[PDB]
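A.B. asks: Single-letter residue listing:
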Amino acid sequence: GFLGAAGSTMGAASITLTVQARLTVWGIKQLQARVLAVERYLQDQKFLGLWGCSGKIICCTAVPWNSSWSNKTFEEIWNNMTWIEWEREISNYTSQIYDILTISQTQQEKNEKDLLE
Amino acid sequence: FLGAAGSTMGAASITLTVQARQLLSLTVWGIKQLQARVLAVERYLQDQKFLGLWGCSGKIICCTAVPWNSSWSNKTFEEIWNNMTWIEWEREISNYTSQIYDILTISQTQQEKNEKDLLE
Amino acid sequence: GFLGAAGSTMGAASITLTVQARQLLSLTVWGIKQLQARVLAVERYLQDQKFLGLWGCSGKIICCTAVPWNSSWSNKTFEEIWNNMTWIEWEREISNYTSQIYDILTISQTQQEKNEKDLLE
Amino acid sequence: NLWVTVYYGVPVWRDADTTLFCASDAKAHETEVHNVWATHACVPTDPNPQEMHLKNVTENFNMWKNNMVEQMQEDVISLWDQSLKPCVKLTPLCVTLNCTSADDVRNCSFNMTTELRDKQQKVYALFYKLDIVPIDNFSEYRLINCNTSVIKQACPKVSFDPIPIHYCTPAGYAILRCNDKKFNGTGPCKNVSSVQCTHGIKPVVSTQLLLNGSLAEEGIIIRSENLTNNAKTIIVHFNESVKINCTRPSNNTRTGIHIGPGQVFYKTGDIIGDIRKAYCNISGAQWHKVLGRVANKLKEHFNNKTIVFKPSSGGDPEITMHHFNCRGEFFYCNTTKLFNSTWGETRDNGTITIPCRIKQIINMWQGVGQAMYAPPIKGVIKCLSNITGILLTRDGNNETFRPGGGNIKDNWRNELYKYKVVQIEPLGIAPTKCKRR
Amino acid sequence: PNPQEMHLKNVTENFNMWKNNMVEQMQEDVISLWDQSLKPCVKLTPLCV
Amino acid sequence: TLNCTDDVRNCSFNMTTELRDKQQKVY
Amino acid sequence: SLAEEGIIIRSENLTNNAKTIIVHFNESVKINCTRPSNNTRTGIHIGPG
Amino acid sequence: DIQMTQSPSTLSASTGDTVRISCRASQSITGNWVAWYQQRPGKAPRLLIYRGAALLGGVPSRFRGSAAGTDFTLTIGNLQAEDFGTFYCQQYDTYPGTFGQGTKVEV
Amino acid sequence: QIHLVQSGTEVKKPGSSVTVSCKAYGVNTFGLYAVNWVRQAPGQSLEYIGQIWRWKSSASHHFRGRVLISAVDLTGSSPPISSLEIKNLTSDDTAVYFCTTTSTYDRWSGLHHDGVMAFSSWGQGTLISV
Amino acid sequence: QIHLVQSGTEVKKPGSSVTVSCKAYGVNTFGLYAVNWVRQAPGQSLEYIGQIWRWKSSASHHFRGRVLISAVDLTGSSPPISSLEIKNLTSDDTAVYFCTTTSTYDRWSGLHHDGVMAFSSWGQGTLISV
Ligand SMILES: *[C@@H]1O[C@H](CO)[C@@H](O[C@@H]2O[C@H](CO)[C@@H](O[C@@H]3O[C@H](CO[C@H]4O[C@H](CO[C@H]5O[C@H](CO)[C@@H](O)[C@H](O)[C@@H]5O[C@H]5O[C@H](CO)[C@@H](O)[C@H](O)[C@@H]5O)[C@@H](O)[C@H](O[C@H]5O[C@H](CO)[C@@H](O)[C@H](O)[C@@H]5O)[C@@H]4O)[C@@H](O)[C@H](O[C@H]4O[C@H](CO)[C@@H](O)[C@H](O)[C@@H]4O[C@H]4O[C@H](CO)[C@@H](O)[C@H](O)[C@@H]4O[C@H]4O[C@H](CO)[C@@H](O)[C@H](O)[C@@H]4O)[C@@H]3O)[C@H](O)[C@H]2NC(C)=O)[C@H](O)[C@H]1NC(C)=O
Ligand SMILES: *[C@@H]1O[C@H](CO)[C@@H](O[C@@H]2O[C@H](CO)[C@@H](O[C@@H]3O[C@H](CO[C@H]4O[C@H](CO[C@H]5O[C@H](CO)[C@@H](O)[C@H](O)[C@@H]5O[C@H]5O[C@H](CO)[C@@H](O)[C@H](O)[C@@H]5O)[C@@H](O)[C@H](O)[C@@H]4O)[C@@H](O)[C@H](O[C@H]4O[C@H](CO)[C@@H](O)[C@H](O)[C@@H]4O[C@H]4O[C@H](CO)[C@@H](O)[C@H](O)[C@@H]4O[C@H]4O[C@H](CO)[C@@H](O)[C@H](O)[C@@H]4O)[C@@H]3O)[C@H](O)[C@H]2NC(C)=O)[C@H](O)[C@H]1NC(C)=O
Ligand SMILES: *[C@@H]1O[C@H](CO)[C@@H](O[C@@H]2O[C@H](CO)[C@@H](O[C@@H]3O[C@H](CO[C@H]4O[C@H](CO)[C@@H](O)[C@H](O)[C@@H]4O)[C@@H](O)[C@H](O[C@H]4O[C@H](CO)[C@@H](O)[C@H](O)[C@@H]4O[C@H]4O[C@H](CO)[C@@H](O)[C@H](O)[C@@H]4O)[C@@H]3O)[C@H](O)[C@H]2NC(C)=O)[C@H](O)[C@H]1NC(C)=O
Ligand SMILES: *[C@@H]1O[C@H](CO)[C@@H](O[C@@H]2O[C@H](CO)[C@@H](O[C@@H]3O[C@H](CO)[C@@H](O)[C@H](O)[C@@H]3O)[C@H](O)[C@H]2NC(C)=O)[C@H](O)[C@H]1NC(C)=O
Ligand SMILES: *[C@@H]1O[C@H](CO)[C@@H](O[C@@H]2O[C@H](CO)[C@@H](O[C@@H]3O[C@H](CO)[C@@H](O)[C@H](O)[C@@H]3O)[C@H](O)[C@H]2NC(C)=O)[C@H](O)[C@H]1NC(C)=O
Ligand SMILES: *[C@@H]1O[C@H](CO)[C@@H](O[C@@H]2O[C@H](CO)[C@@H](O[C@@H]3O[C@H](CO)[C@@H](O)[C@H](O)[C@@H]3O)[C@H](O)[C@H]2NC(C)=O)[C@H](O)[C@H]1NC(C)=O
Ligand SMILES: *[C@@H]1O[C@H](CO)[C@@H](O)[C@H](O)[C@H]1NC(C)=O
Ligand SMILES: *[C@@H]1O[C@H](CO)[C@@H](O)[C@H](O)[C@H]1NC(C)=O
Ligand SMILES: *[C@@H]1O[C@H](CO)[C@@H](O)[C@H](O)[C@H]1NC(C)=O
Ligand SMILES: *[C@@H]1O[C@H](CO)[C@@H](O)[C@H](O)[C@H]1NC(C)=O
Ligand SMILES: *[C@@H]1O[C@H](CO)[C@@H](O)[C@H](O)[C@H]1NC(C)=O
Ligand SMILES: *[C@@H]1O[C@H](CO)[C@@H](O)[C@H](O)[C@H]1NC(C)=O
Ligand SMILES: *[C@@H]1O[C@H](CO)[C@@H](O)[C@H](O)[C@H]1NC(C)=O
Ligand SMILES: *[C@@H]1O[C@H](CO)[C@@H](O)[C@H](O)[C@H]1NC(C)=O
Ligand SMILES: *[C@@H]1O[C@H](CO)[C@@H](O)[C@H](O)[C@H]1NC(C)=O
Ligand SMILES: *[C@@H]1O[C@H](CO)[C@@H](O)[C@H](O)[C@H]1NC(C)=O
Ligand SMILES: *[C@@H]1O[C@H](CO)[C@@H](O)[C@H](O)[C@H]1NC(C)=O
Ligand SMILES: *[C@@H]1O[C@H](CO)[C@@H](O)[C@H](O)[C@H]1NC(C)=O
Ligand SMILES: *[C@@H]1O[C@H](CO)[C@@H](O)[C@H](O)[C@H]1NC(C)=O
Ligand SMILES: *[C@@H]1O[C@H](CO)[C@@H](O)[C@H](O)[C@H]1NC(C)=O
Ligand SMILES: *[C@@H]1O[C@H](CO)[C@@H](O)[C@H](O)[C@H]1NC(C)=O
Ligand SMILES: *[C@@H]1O[C@H](CO)[C@@H](O)[C@H](O)[C@H]1NC(C)=O
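Chains as they are written, first to last, in the deposited numbering: chain W, 521 to 542, 568 to 662; chain Z, 522 to 546, 568 to 662; chain S, 521 to 546, 568 to 662; chain D, 33 to 134, 152 to 185, 187G, 188 to 309, 312 to 321, 321A, 322 to 358, 360 to 396, 407 to 458, 464 to 504; chain H, 79 to 127; chain L, 128 to 132, 152 to 173; chain Y, 264 to 309, 312 to 314; chain X, 1 to 30, 30A, 31 to 106; chain G, 1 to 35, 35A, 36 to 52, 54 to 77, 77A to 77D, 78 to 82, 82A to 82C, 83 to 100, 100A to 100L, 101 to 111; chain R, 1 to 35, 35A, 36 to 52, 54 to 77, 77A to 77D, 78 to 82, 82A to 82C, 83 to 100, 100A to 100L, 101 to 111.
The hints are simulated quantities; they were obtained by calculation from the structure and are not laboratory data.
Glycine residues also receive a C-beta, built at the ideal position from the N, C-alpha and C atoms.
Take these hints with a grain of salt, some might be off.
[Claimed, not checked] Pulled a few chain S residues facing chain W out of the computed Cβ check, cut under 8 Å:
1. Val583
2. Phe592
3. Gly594
4. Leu595
5. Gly597
6. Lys601
7. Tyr643
8. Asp644
The shape of chain W in the complex, shown without the other chains:
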């Protein structure tokens, strides 16, 4: 999660994805926050690993883009639309895309195991 260049359109912002890194009242406020942050990071990586994208900031996949998600061309998506606007546009089809990505990675793993006989 790198805010900044967040009003920048997708084409300009994707380039600017960069180096990610480099009892008391306050006693439990720190611990609960730390546990929640750890659980959220491990869920983001849990999703990212199921698609074969573990350890990759920009991951390409073999899932064709259905037009039911959007019939907006590459230039229209990447030249005059920001990331928040895009994720609002495709906010209804995130679960379906997650399922398709998981199924595609499963198919790729099965095919890889088959080719190894």
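Starting from the structure of chain W, add chains Z, S, D, H, L, Y, X, G and R with the ligands where the hints point.
C.D. replies: For chains Z, S, D, H, L, Y, X, G and R with the ligands alone, kept in the frame of chain W given last:
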């Protein structure tokens, strides 16, 4: 997750991936959830540490170059995968899990050393 | 435990780095003294992997990087780095260029990912 | 020609301080009877010892800047305090005592509350002279810990039996053990070793003599923060442990009275049989042998001057008497017979019987810990302990060494002197010839 | 919001009602909930007269 | 109950002491 | 903290008079408060410690 | 074995005049094993900088250092009267440690 | 804090042996400290004579066999003491002599490196004329 | 809750200028809400006239230059007021004008995007005959 726990290994193995844990998204009960969450995080991280040391960093089904010793099981492939379930199998090979873990780690070490040697 | 070959020079120790390989780990006063330790260790391990992943390794004990060795970091040649130098001594020698090396590795992995995406067209 | 290569798991470490959790033995609360040290909560259970000898590794140890001893101090104080929260509060008997005046006990009478808030009962209780301060025949008195704090009784099931407590370390850290003989606790260490868990440090609290501790390997070791400074206590460690036998040979009666709803206050009623002073027996030959060895070791560090042990100057019984805990009854012994000699050597070789005075209003920690009241123990109590060290305090031709003196931490500095908390950094960058991403 | 159950087909599991730890945990939780619910309440120590 | 005689009031009350038996008059 | 360019009026609902108008100043008035009486603190003992 | 030389053999400046004292080595000190000293007349040397650019406690923050290969420099922002004196350049990267000649700063 | 004091000032005939003493106030022990002996010529730069580090004595090649360095740590009466004994004095030794101690406790301080260290605490100095 | 009331029914001679005023009871500010003007011809479907969104006013291409949208937010006396002025009235302007306010606070509501929004609250409506 335990679904298809009565299916023989071969039949279930295809169903291990049909659903792959996808699409998740100071009182008496305060301590319970915190301890549970920390324990679950630690256990999941430990499972990945074992799974990562063998080269299977992000693979649900991971092939390995370790040959199957016959002392671990003399049973043939069809006798393992057609008339045996996962609980029965892991009970059968319950004494050789530590040894197999060590052999997997050693094999991945050998593969990584050979890969580094080739790059030189 | 990662600390076994600690007086051994880096050349001899690097063999024993993978021998260990961390192969197997298979509200009272002590109630919080363990929970805090658990959370701190978990997040420290996750930070180590997050650094390791950003460089493209993500699960390799000995990870190979395409970054050339700048001479300002160390003018010492490979033999006198690996035959008369231990790991603590080495990391003390290069203690001033760890942040720069981290940044260079992250930039290099970003460049390699961009090239991989460009080749895929 | 050379390219960066990243290694994970390198033997690189730094000094650090963190929270070390407990790991008691499988006995839990000593087969499940509540210990004041809460040793079933030391959830870790210590099954196997993993150690590694760090070859060709020299690490600098400074036992006087260890944070392990301070963590032990805080943990022990917190465990002691938390065991007294459930127990009875003894505010009803901060009351004027009509003590019979002309043995150390005193027959005192006072009006004490009953289970009913309306009614009051007159109570007769035998209070020790050490727990009584004159109010200023039948003079009027009051308990000593009345103008400072409110005392709390000890729960009947809570047992003060020091059982070993291990200080283990979280993942990503390690504990360095010195394993080096005759270690002064301050300097280089040649066979440093990496352990996950410390040995069992018994939380034994004592003032002038360290009992039941870990005893040295090859000789008597003298450890002081600053030898020139006379305000720095000299901690002596023993190759061999002198044996002390402490008894209270008087059968005592605890007669619980009800001072509220469900609150029973246990008082000493009378002695069934002879009245016998408490004492501790120490063999003269063994004690004088060990004291001669200590005198020689002190001559080594003190310019070969004649070493004169002299009895403690005086003050509070806690400060200037050997204090310990036999079976839940706290003793305050006179060590004047023990520490009285000049070397460079009393020729007695028989048992040394030293008087002791039992107390009940206990303040083990000088204000930082709570004040408690120890209920009497019914039968005669006998405890068999080995002394493994001394705490001396030199005062400014010869050097004189009063016994006792020190902080509470000095009891555990003979235990945690060789352990060092160390943080492991597993990432490493080295130049190698791989060249591939 | 939703049950999220699933039926383990061809799975036989042995149940012992009298060695369940869930009931012991329920007892401890209920006792603790009563205990904490009465801490911020009147003490009625004057009534013992 | 106070026996009183930001304008202060000089109140008199007899209250507890370190000893539960004895009470001290306080001004 | 004091405002940057001008005095700012912040109310939850201006029309409602039960909502407290909050005024922010871009200039801070200085207040000097003093209690000029030499006072004596005498500590009596009401219990053990 | 490594001979370290100091750029300005003597220097001239006054209060408020920041001076850059430079130093060069016979080899490449990539570990930044260089230390800086000040010697007032009739007194012992005082350590100001260790490990290239690290400051001791009790040393004014006006003193700062930089490390770049064989070039090591010492800068004194807002030079003051007590700062005047001979400055030394030391290397402890290899045995034995070696000192630069000197840089006298005078009014 | 820490204060280093040396043994006054001596003027001796050539060929004699001079002993300079170094009494370290504030040093808990020479196990965690290293005494480094350096000499300053009347107009020249400072030179390095030798050291004791972890109770091991060493001197630079120029001073090998011609100097002796000894040290004893805390006693009841005296602080840690270090002694520099030059043998066969010559007119070239007309220089101020300094005694220095640095904390070699933590390996990541940067003041020390493989036994070759900076100089953190400086004594008054014993000018020697001959 | 939220209630919108408008000026009232008016009869105008063709060529005149009519102003419809909309007062929003329950809108904390027009910085967070957005006022959208809607006309409904007798029997026909609803049309879109113009809006003020984030204190920026715009109108549909059909109505550009023939309409003004103005608004002022909360004051001590009156709730936020929005005004609809139709210059150069013609017989085609006989429709039940409506006032709407939609909450544009959170971007993930779905009621709005890029300044084009669904109408959540509807005013009473002022029939205009000309
Ligand atoms: C918290 O802090 C916040 C700031 O930090 C603060 O925000 C501020 O809020 C105030 C409100 O309280 C804002 O001030 C108001 O802004 C309104 C919007 O103004 C914009 O739009 C108009 C109209 O723009 C159209 O027309 C012009 C000219 O033709 C074009 O150039 C435009 O492009 C646009 O045209 C398009 O749209 C048309 C349809 O509308 C189409 O037909 C057309 O084809 C196009 O598509 C502009 O005029 C405004 O520009 C102004 O500023 C520029 C320079 O910046 C000037 O050059 C210019 O002359 C303008 O002054 C702007 O772009 C205003 O409508 C509103 O004005 C009313 O109030 C002022 C007093 O302040 C009056 O003087 C004025 O006459 C208006 O009063 C009328 O409306 C009220 C509302 O009902 C009536 O009650 C009143 O009776 C009066 O009606 C009469 O006149 C009308 C015509 O004026 C007429 O139609 C009626 O029928 C009747 O005769 C006011 O200025 C302010 O901007 C905010 N500031 C910021 C930074 O956000 C917030 O309030 C604070 N919160 C609280 C709780 O306090
Ligand atoms: C806790 O416990 C730990 C251990 O358990 C404990 O650690 C111990 O600390 C002891 C200190 O209290 C320590 O004992 C001292 O050790 C000193 C080091 O000894 C080594 O080096 C010397 C010198 O080696 C030179 O020289 C020889 C001979 O030429 C040569 O063979 C060597 O290779 C080396 O030469 C190299 O260096 C030269 C420069 O020095 C160079 O010129 C050469 O070319 C070459 O490069 C050896 O001789 C030893 O054998 C060791 O190898 C040691 O110096 C010191 O001796 C002093 O004390 C003795 C009594 O114990 C005296 O008998 C002795 O004479 C010394 O006393 C002189 O110095 C003191 C210092 O102030 C002075 O006050 C005295 O008056 C006296 O001066 C006079 O004599 C000297 C000559 O001796 C003259 O020069 C003067 O001018 C005067 O006339 C101690 O022996 C012990 O080793 C250490 N143990 C361990 C295991 O670590 C720790 O201290 C404890 N903690 C506490 C708080 O107690
Ligand atoms: C900041 O603070 C102000 C002042 O407190 C507040 O303004 C008030 O807003 C509320 C909105 O919830 C207003 O309540 C509504 O007002 C309208 C019109 O009000 C005017 O006219 C009435 C009658 O003459 C006057 O009393 C009033 O003072 C105004 O002059 C009323 O039409 C509404 O009627 C509803 O109330 C009935 C009970 O009284 C309900 O049975 C019913 O819900 C009525 O609404 C129904 O009417 C529709 C037909 O028109 C019908 O089809 C629907 O079914 C609908 O349910 C209601 O009283 C209140 O008047 C405002 N007060 C003032 C002084 O202006 C702001 O809202 C507040 N801001 C924020 C952000 O909270
Ligand atoms: C030093 O250690 C010795 C032994 O390690 C301690 O002596 C032992 O003390 C325990 C309790 O403190 C005794 O156990 C108790 O015995 C009584 C009487 O039989 C019994 O009623 C209790 O339930 C409990 O079992 C134990 O017998 C005793 N052992 C010996 C040999 O004396 C000693 O107390 C320690 N010293 C200090 C100061 O802690
Ligand atoms: C190489 O890395 C080491 C890593 O520690 C650097 O040492 C550190 O240097 C900084 C900069 O001077 C020190 O911070 C300063 O500390 C002083 C203490 O008096 C303080 O007054 C200043 O305000 C500032 O915070 C830091 O303490 C020091 N750390 C250690 C352990 O020595 C060193 O500077 C690096 N080398 C170069 C050439 O940058
Ligand atoms: C251990 O305790 C002794 C005694 O308290 C400490 O020795 C004292 O050290 C201080 C330095 O902090 C000495 O003060 C300095 O002495 C020199 C020489 O007199 C003087 O020029 C300075 O102005 C300053 O006064 C002090 O004299 C010395 N006292 C004695 C009698 O030895 C020692 O520092 C402590 N050691 C540790 C481990 O801290
Ligand atoms: C769109 O495509 C995805 C996969 O590419 C598919 O799952 C989904 O059913 C498709 N939707 C429609 C409406 O065809
Ligand atoms: C986009 O695709 C949809 C159906 O998938 C179609 O109705 C629409 O006309 C397309 N738009 C363009 C610009 O091709
Ligand atoms: C994106 O769309 C807006 C409005 O539709 C348009 O003004 C802009 O020119 C478009 N982007 C590009 C690069 O043309
Ligand atoms: C079984 O074979 C493996 C190699 O795959 C070997 O490492 C292991 O030692 C063998 N088992 C026994 C009991 O020798
Ligand atoms: C499993 O083994 C039994 C042994 O008799 C055999 O009858 C059965 O057919 C085997 N399972 C399958 C699926 O063939
Ligand atoms: C530093 O690197 C240069 C090569 O540019 C080499 O000639 C020189 O010997 C090196 N010095 C050291 C001390 O490694
Ligand atoms: C390390 O360097 C020293 C001196 O440069 C050399 O004598 C030694 O041989 C080197 N190490 C090894 C293992 O050769
Ligand atoms: C103390 O008790 C005795 C008898 O028990 C009684 O005679 C005497 O008056 C009492 N003294 C006080 C001060 O109450
Ligand atoms: C350190 O200990 C090991 C075994 O504990 C022993 O073999 C070794 O000799 C010791 N170190 C030295 C220097 O003797
Ligand atoms: C202590 O160790 C042994 C007994 O374990 C004893 O024989 C030896 O003489 C003693 N050492 C000393 C301090 O003299
Ligand atoms: C010791 O005293 C207790 C206290 O009642 C008594 O029960 C026991 O019999 C006594 N023992 C002897 C030997 O008299
Ligand atoms: C202490 O008791 C033990 C065993 O009970 C005995 O061996 C020893 O001699 C006794 N010591 C004295 C001084 O009585
Ligand atoms: C002295 O008693 C303790 C009690 O725990 C025991 O551990 C120790 O071994 C005894 N001393 C000797 C020399 O046996
Ligand atoms: C204080 O004590 C006196 C007797 O000593 C008593 O008469 C008085 O009533 C007490 N104070 C109050 C407020 O009752
Ligand atoms: C804001 O700026 C300064 C206060 O720092 C003052 O001169 C000016 O009048 C202020 N503005 C208002 C509206 O108070
Ligand atoms: C005010 O009174 C207090 C109370 O004793 C005293 O300590 C202080 O010095 C007085 N100050 C002046 C200025 O008189």
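A.B. asks: Which constraints among the numbered hints does this structure fail? Numbers only, ascending.
C.D. replies: Violated: hint 6 alone.
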